[PDB]
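To begin, one chain is listed below as structure tokens, in the form deposited without the partner chain.
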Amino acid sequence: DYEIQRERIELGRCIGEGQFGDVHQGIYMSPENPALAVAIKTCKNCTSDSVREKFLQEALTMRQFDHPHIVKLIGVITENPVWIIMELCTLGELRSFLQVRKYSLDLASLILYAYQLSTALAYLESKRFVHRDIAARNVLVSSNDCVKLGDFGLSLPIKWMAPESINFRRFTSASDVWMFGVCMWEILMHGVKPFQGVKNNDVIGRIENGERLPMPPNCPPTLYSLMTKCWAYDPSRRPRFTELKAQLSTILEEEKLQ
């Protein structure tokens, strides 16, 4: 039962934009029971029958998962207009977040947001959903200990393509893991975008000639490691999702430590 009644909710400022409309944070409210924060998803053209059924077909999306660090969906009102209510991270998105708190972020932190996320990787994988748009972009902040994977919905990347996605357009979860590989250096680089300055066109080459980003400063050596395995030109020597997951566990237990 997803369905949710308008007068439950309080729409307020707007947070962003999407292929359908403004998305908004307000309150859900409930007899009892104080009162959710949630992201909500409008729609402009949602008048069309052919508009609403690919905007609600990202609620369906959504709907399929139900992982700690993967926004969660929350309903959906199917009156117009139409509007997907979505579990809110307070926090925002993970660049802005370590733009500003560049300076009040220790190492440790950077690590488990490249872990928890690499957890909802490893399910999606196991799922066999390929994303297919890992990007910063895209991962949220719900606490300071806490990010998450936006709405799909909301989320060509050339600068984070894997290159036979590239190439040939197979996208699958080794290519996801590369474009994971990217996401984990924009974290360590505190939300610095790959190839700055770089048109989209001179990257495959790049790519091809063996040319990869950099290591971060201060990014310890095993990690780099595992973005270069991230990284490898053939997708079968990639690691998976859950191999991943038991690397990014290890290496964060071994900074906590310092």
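Numbering follows the first chain given and starts at 1. Each form is matched to the other, and the largest set of C-alpha atoms that superpose within 1.5 Å is called the rigid core. Compared with the form solved in complex with the partner chain:
Of the residues 210, 31, 221, 217, just one CA atom moves 2 angstroms or more between these two forms under rigid-core superposition; it belongs to 31.
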The other form holds:
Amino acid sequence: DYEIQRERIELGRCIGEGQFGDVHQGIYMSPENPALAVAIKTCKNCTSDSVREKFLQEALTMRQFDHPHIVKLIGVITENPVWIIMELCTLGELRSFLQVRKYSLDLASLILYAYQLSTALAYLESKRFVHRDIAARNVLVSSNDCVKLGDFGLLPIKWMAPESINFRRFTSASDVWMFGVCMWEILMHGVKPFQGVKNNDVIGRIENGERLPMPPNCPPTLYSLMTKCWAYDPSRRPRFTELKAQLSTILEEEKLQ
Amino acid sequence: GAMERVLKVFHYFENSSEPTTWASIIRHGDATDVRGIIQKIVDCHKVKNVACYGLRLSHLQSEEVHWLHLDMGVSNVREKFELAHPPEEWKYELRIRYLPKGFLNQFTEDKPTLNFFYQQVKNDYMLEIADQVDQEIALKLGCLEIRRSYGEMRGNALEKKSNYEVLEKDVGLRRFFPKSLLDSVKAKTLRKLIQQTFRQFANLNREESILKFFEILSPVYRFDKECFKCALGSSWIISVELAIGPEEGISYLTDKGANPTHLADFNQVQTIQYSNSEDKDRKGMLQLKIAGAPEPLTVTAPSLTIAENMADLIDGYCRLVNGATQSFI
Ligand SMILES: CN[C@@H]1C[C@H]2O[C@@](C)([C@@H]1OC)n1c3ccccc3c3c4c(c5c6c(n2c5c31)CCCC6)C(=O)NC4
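Form deposited without the partner chain already given; the form solved in complex with the partner chain follows:
Once more the chain from above appears, this time first in line as the rest of the complex follows.
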């Protein structure tokens, strides 16, 4: 049972905006040991069976996952207003993390995040679960040497595979597409794909064989890897499991001086 | 009421899932009657033309249809049909039924309704006439649904292989075309056919797709009125086919398709009554009092249900053409 007694949660400051309700930072007095630092997801329209049914699902799917790079579900307070209690990634959102530390983070660390991210995403495909919004803005930083993927609830045109724009099909292979943009965002230190480019043009550009530039200082093997993620024909994109191993040697390569 | 249970109300509001499971789950906390049900569902999608909607309740192993009176209660409608055949055997279905004096060009300024009427009519067509329709009509329409459903792709996206592949493999062409269309010809020929007849509809937005969908459908499918074999007269009785619709009010057919004889428009109606016709036999009377005319317009229907349906229909139109919420029965 993931049910938590509200007495054991002190709600704190607010840290995000989802589209059910705000995200808060808080404290959890477990008897496990001392006062854990949690993130608390809340719901605005609790006064309705429908919204609650779905809001809770997020927590109920998250149960099934256990992985070093996916935020844990600590528990749920199922009584109005409903709260999902999960682990706090203290160092915050990846884009802001990278921007601040543009000139203090090495290539190896950047490649490390991409890799960790891919262990997460490989983990999820092994569970048939499709994310639908892989992007830096949905990646939280737990430590210097540790990022985690967050969510998981049901338009980011600049991130999406063509087939997601054209025919609203979301699959593992569309995920791989978005992951590529994500590596690009990482390697660009949280700079958005297609800044200064209207959504509707972006769709045409991609339609015409155009792709995101190779980020400066990104090592060619890796950029080669990103471009594979952006095969238009979904079947030509690598599986997450191959990305993982690709990214591994690429990292060991950079680490190996 | 005793239970108390669910009531799945199947509708035609697009929900990007599977059109078979488009339904509102309406639990105990709403409302108390039928005019209740409707108002909840239509208001979710901010409907303008509320006068046009009705609730249909049909058993899924029979062709007989029950239109539900606006004021008839929630529980006591459930407790007159449902409680005789295991409850998981009735289909509750919201439908457009009462059309304005120019529905297409009116539904235009009401997006939610136009898509609803589209979906409803599309579903009838796909369920009734798609297979013995002229095949290139079936081609033109399906392409139009593709064009509508996927508003974001440039008109030549299907030209690319992987795009067609997505429609053929993942979404399935049966979602746009009847089984016979797909089985009749080779797959590679099918590919060429779809891309090509698509070229004429490539440029149209959502509305224009819908409108041309109707335009192409109307000369081969009845959807602008309902027709009833019945009788007329309060002593001398004549078999006629009745056309009830916005463009000719209440009319009779003979047969066909001579310029139908207009009897009464909807503003000229004052009262509606229906009985078990006794006499005897399970037939149904219908009696319309009409402004100016002394003796009422009697209608003899083959069954009680048919009259209860004819009633709901003129009842629905009388409400609309006036401005009334109180029924005319
Ligand atoms: C910029 N992206 C938001 C940042 C913020 O609020 C959001 C809405 C988003 O983070 C995925 N958020 C969630 C949304 C849905 C499920 C879980 C989370 C979530 C979570 C966290 C989080 C944090 C922030 N945001 C978080 C979260 C900013 C500050 C540090 C931590 C978190 O630490 N655990 C789950």
